[PDB]
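Build the full structure now, drawing on both the sequences and the hints.
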Amino acid sequence: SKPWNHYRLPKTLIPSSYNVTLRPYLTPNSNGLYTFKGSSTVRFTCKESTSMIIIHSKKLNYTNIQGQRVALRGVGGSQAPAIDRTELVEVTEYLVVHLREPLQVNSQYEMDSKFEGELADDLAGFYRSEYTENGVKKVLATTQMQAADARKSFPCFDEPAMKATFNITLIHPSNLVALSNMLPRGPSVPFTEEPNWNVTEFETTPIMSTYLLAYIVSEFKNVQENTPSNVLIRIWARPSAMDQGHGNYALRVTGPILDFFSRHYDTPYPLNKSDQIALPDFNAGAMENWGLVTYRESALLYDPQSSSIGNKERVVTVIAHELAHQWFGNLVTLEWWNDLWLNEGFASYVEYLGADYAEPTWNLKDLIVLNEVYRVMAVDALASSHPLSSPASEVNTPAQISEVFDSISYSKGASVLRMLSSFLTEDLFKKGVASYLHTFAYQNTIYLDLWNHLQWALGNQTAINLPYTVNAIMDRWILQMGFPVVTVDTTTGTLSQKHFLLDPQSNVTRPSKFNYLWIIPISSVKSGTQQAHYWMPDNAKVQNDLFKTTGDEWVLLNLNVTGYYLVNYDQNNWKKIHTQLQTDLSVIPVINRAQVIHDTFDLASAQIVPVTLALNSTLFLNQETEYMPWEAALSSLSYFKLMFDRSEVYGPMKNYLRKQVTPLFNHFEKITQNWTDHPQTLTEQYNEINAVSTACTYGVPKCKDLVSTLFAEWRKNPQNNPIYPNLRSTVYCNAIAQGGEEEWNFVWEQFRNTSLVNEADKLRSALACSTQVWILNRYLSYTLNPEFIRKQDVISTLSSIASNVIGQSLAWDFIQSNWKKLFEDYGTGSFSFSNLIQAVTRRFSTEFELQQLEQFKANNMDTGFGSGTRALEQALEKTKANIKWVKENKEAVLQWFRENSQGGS
Amino acid sequence: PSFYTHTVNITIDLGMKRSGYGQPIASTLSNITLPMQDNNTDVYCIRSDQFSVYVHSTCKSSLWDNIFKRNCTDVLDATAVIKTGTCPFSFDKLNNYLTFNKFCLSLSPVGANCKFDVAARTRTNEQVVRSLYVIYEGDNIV
Ligand SMILES: *[C@@H]1O[C@H](CO[C@@H]2O[C@@H](C)[C@@H](O)[C@@H](O)[C@@H]2O)[C@@H](O[C@@H]2O[C@H](CO)[C@@H](O[C@@H]3O[C@H](CO)[C@@H](O)[C@H](O)[C@@H]3O)[C@H](O)[C@H]2NC(C)=O)[C@H](O)[C@H]1NC(C)=O
Ligand SMILES: *[C@@H]1O[C@H](CO)[C@@H](O[C@@H]2O[C@H](CO)[C@@H](O[C@@H]3O[C@H](CO)[C@@H](O)[C@H](O)[C@@H]3O)[C@H](O)[C@H]2NC(C)=O)[C@H](O)[C@H]1NC(C)=O
Ligand SMILES: *[C@@H]1O[C@H](CO)[C@@H](O[C@@H]2O[C@H](CO)[C@@H](O)[C@H](O)[C@H]2NC(C)=O)[C@H](O)[C@H]1NC(C)=O
Ligand SMILES: *[C@@H]1O[C@H](CO)[C@@H](O[C@@H]2O[C@H](CO)[C@@H](O)[C@H](O)[C@H]2NC(C)=O)[C@H](O)[C@H]1NC(C)=O
Ligand SMILES: *[C@@H]1O[C@H](CO)[C@@H](O[C@@H]2O[C@H](CO)[C@@H](O)[C@H](O)[C@H]2NC(C)=O)[C@H](O)[C@H]1NC(C)=O
Ligand SMILES: *[C@@H]1O[C@H](CO)[C@@H](O)[C@H](O)[C@H]1NC(C)=O
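Quick note, the sequences are listed as chains b and a, same order.
Heads up, the first sequence is in the entry's author numbering, so the first residue is 74 and it goes up one at a time.
Going left to right, the second sequence walks through residues 27 to 33, 35 to 163, 165 to 170 as the entry's author numbering numbers them.
It is possible that some hints are incorrect.
[As the list claims (entries may be wrong)] Capping the alpha-carbon separation at 27 Å, the derived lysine-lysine pairs in DSS-like fashion look like this: (1) b/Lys571 - b/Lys504; (2) b/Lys187 - b/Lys210; (3) b/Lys743 - a/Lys142; (4) b/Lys211 - b/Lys294; (5) a/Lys110 - b/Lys743; (6) b/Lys930 - b/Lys951; (7) b/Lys743 - a/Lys129; (8) b/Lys789 - a/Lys142; (9) a/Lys120 - b/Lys385; (10) b/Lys727 - b/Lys743; (11) b/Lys732 - b/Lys930; (12) b/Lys789 - a/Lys96.
Just so you know, the hints here were simulated from the structure itself, not pulled from any lab data.
Structure (structure tokens):
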């Protein structure tokens, strides 16, 4: 077809430089349509002369400079012929400039074309960001340049492959201040076009993709900061926020991380300016653009007074991920959007190391298994999950580019990176990355080049030897989704590997050459003694003597869960391991202890191991005080709680749990000096929250006393908050459940009053906890009215009401009755309608409950469920599965769980 | 008991953060103020042979934050008294002075023979906020 019809820009047009002059209107017009009108010169060389030139410009009408829309000026040797017409293909939304005259090969033609565009707040292209400060809406020009968005803002040859040096002249209102990837070449000119218009020249950027280039005109206040390396950092934030000083912590955090990254990369940051922008609302929440990084305000700014330790962790991690991106995938250009999963994965793993550098005390590396590996363990286990590798051919449309960004791409990528580092022993991996960065700087690149460099570093050093090539080991993991389960029999030493699907019965349509047989790195401990590393071949069954044990000795595998795989043991070994755990948990490493609880429960869901064995794993928790094993157990027990909350099994279950929880609660009370000396370490702080919440939920009279005292303290002098931020949520919810109407009212008043989004969110969750039926119904009615609850907030409120057990029935009825009004508002525009359907049916385990769902679906079928339609099918399937469990195994599980709980009481 | 010389007295800033069980508890980082002895603030070895050693307590309260600006209130209000099990003598800051040749108030455990122990006194419980290490004995000084 036509070259313009093709998504890809033709290679022949290569942009040497772009001079962009643009004037956004931040003043509403007579029409009221804010308009960006500017003239931009395209300085480019044609590798093959082409009469028709294709520019990626989206939805831009073209103003005519004098006689023609495009005026071309060529200076000296460079020669440019004025182009007769500008046309935009509807199918591809690309500007095509049609010139009758044949082009001159490899000559510079500068094409200055005036264009008119409309600034619309779609968070794409040239868009307007609005923030209310002191009751006044403020208009700021913003550019989203990711993928197709760059074209909308300005004509550009937009491709990761196409790289240009960008000189920007920005005409903007004088009060507002312009920003661009590069430092300003020239100061803003007050009266050059008009006194109102301020024109700021900007330096030519280092060659980069147009998507990387961004320009922002904002009213944000600035406090300039310069590093010893001379990179200028700092933040763009609203003036009241600057007075608050919330961004100061982020500024403090950025500098060491940049230096650390530079040492690992072995390359200094090319740009002398990196700007962090606190966008009031940013849908992405972070920007990967070189030089200019824009983040949502919540991610960028941390308030010491009202924000939790989890928030502090969020700020440090997000900054690190973006800083890593500047060196990786930007300096060494990413070849195409298809390689994004590698870039994101590399950045996330690197971000954890950077965060650890920033905060030495926190063991972020320990947290990685729970945060990334465990989170994608669930998604990978489902048979429907996509393979990690993404082909260049596959990614063509802008929607396809959006598809590459996904949780699996970042999280699984980080896990594979950790495994890769372990086989390469870190130093070789670091050397390979550094060499790759220097060799390929400013060149579009693929993962294979990086892999070759790591392999070369391994080749240089003979101290560490890999049986298989780095590329080969990596390929097995990247090409196919999922993880294997390795089963070892102690008596013979035999090892067996097979794919893990959480669902007992599932079909995996996707086919791989490896067929889920993977080379596995095995680290083993026998009876507390480390054994030499064994590299498992990609074969189903192998026999190794080291694994074989006799009598008392027991064997352990996957130390520290470096490998992406599940592990199983023979029943006698399982018993021995369990016995060892009761006598001493010290021999087992902490990550491994968490692994055994998590693994047994996962295996129990698939029915590989009996339900009782999973319960046996919970038995040693009485001794355990560490955060990671406890966290894994609590997450697993949530399914049990939902299924048995209304059943008779709940009473025995509560007693067993109370017994396991009490030593931990007591130990924590003793370490924290009765809850005031909150632990400094992040993992320890997280466990402090876990102990309080679990204790209150099941029995534990002491917990109730603490919650009551804390809430009473809050009610007196409500404006200042006595409660610790980490513990604020638990106290609020519990108090409302114990409390009457008066408690609910006090919280409601606070929810409306609070300016902070975070505080308002905490209050909103607490309101749902109330026991009385009438109170819950009044709350459900409040949501429909706009003044009481904002539209975005409404979906969240409904989800919390469903969570309360008394509230579940009421919420379900309200949802059926008021479906049409909600559907019009949120089914359209995809405002978490699917999430709302998912919140309901969480606790549904009975046949009668299923019947109600079917009726609602038929009744409201004509109205439609908007975005929620797919979720409705999913919710029904989940409910069916819980009842199905009762039909095959849960009826036994219900009896057994009762018996086990009774015995352990 | 005799003081050859009686001519600065330490003040223990007291940090009290409520337990949440309603029990007043002493907190870490309570600051015993040690005056500069010549060059060094942390260790004061009195030039005077004997010491007045008066104790002053300033109650400060924290909701949860490090800042101790909030004033001590109700149960949280506390006073600090120094009595030491570790030193052979009970040493409850008595006018009676026991032995000593060189008395120092090191903030460092290393190099110090015994530690004076200062305990916040609250109605619910007595909690030892800090151990003031003392390089501890001679006939010459009483
Ligand atoms: C941390 O908190 C524990 C537990 O305190 C518990 O919750 C509080 C709200 C109070 O209601 C406590 O009574 C409750 O147990 C404290 O341990 C507890 O200390 C109290 C005070 O000494 C003990 O009460 C005594 O009980 C004996 C019975 O033999 C009576 O003779 C006394 O008159 C007095 O009432 C209580 O037994 C004890 N509880 C436990 C679990 O042993 C603990 O003191 C506290 N730690 C700190 C740092 O203050
Ligand atoms: C005894 O003295 C110590 C100092 O040796 C006091 O600890 C310090 O308390 C101040 C006031 O809270 C802390 O300042 C804080 O800084 C953080 C940022 O780092 C800021 O977010 C807070 O708002 C506050 O400005 C200071 O960091 C802290 N220092 C230490 C060592 O942690 C202690 O509070 C004093 N105790 C008494 C009894 O007064
Ligand atoms: C030692 O590691 C270096 C780092 O990659 C390797 O040097 C590369 O050599 C290849 C050719 O084999 C070139 O394509 C790269 O440009 C080189 N990188 C640079 C700039 O150092 C070298 O091959 C390794 N030596 C061994 C024995 O494998
Ligand atoms: C598994 O992870 C643990 C926990 O991080 C590692 O223990 C650390 O070991 C390093 C040096 O090896 C020490 O500097 C840290 O103090 C240890 N951390 C803690 C909190 O114990 C352990 O080395 C890892 N084991 C394996 C098999 O690599
Ligand atoms: C979970 O642990 C229980 C006991 O804690 C196991 O029950 C024991 O089973 C062994 C052999 O299977 C018997 O010799 C013991 O007499 C049993 N003990 C009691 C008190 O019943 C149970 O088998 C474990 N679960 C699994 C599936 O291994
Ligand atoms: C404590 O009281 C003093 C003296 O009135 C006052 O200056 C200070 O603001 C109070 N601290 C707080 C925040 O309660």
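Each hint, compared with the structure:
| no. | hint | verdict |
| --- | --- | --- |
| 1 | b/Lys571 - b/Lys504 | 34 Å, violated |
| 2 | b/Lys187 - b/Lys210 | 30 Å, violated |
| 3 | b/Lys743 - a/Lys142 | 24 Å, holds |
| 4 | b/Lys211 - b/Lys294 | 13 Å, holds |
| 5 | a/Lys110 - b/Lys743 | 24 Å, holds |
| 6 | b/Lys930 - b/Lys951 | 15 Å, holds |
| 7 | b/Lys743 - a/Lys129 | 38 Å, violated |
| 8 | b/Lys789 - a/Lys142 | 41 Å, violated |
| 9 | a/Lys120 - b/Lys385 | 45 Å, violated |
| 10 | b/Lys727 - b/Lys743 | 24 Å, holds |
| 11 | b/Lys732 - b/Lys930 | 43 Å, violated |
| 12 | b/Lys789 - a/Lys96 | 19 Å, holds |
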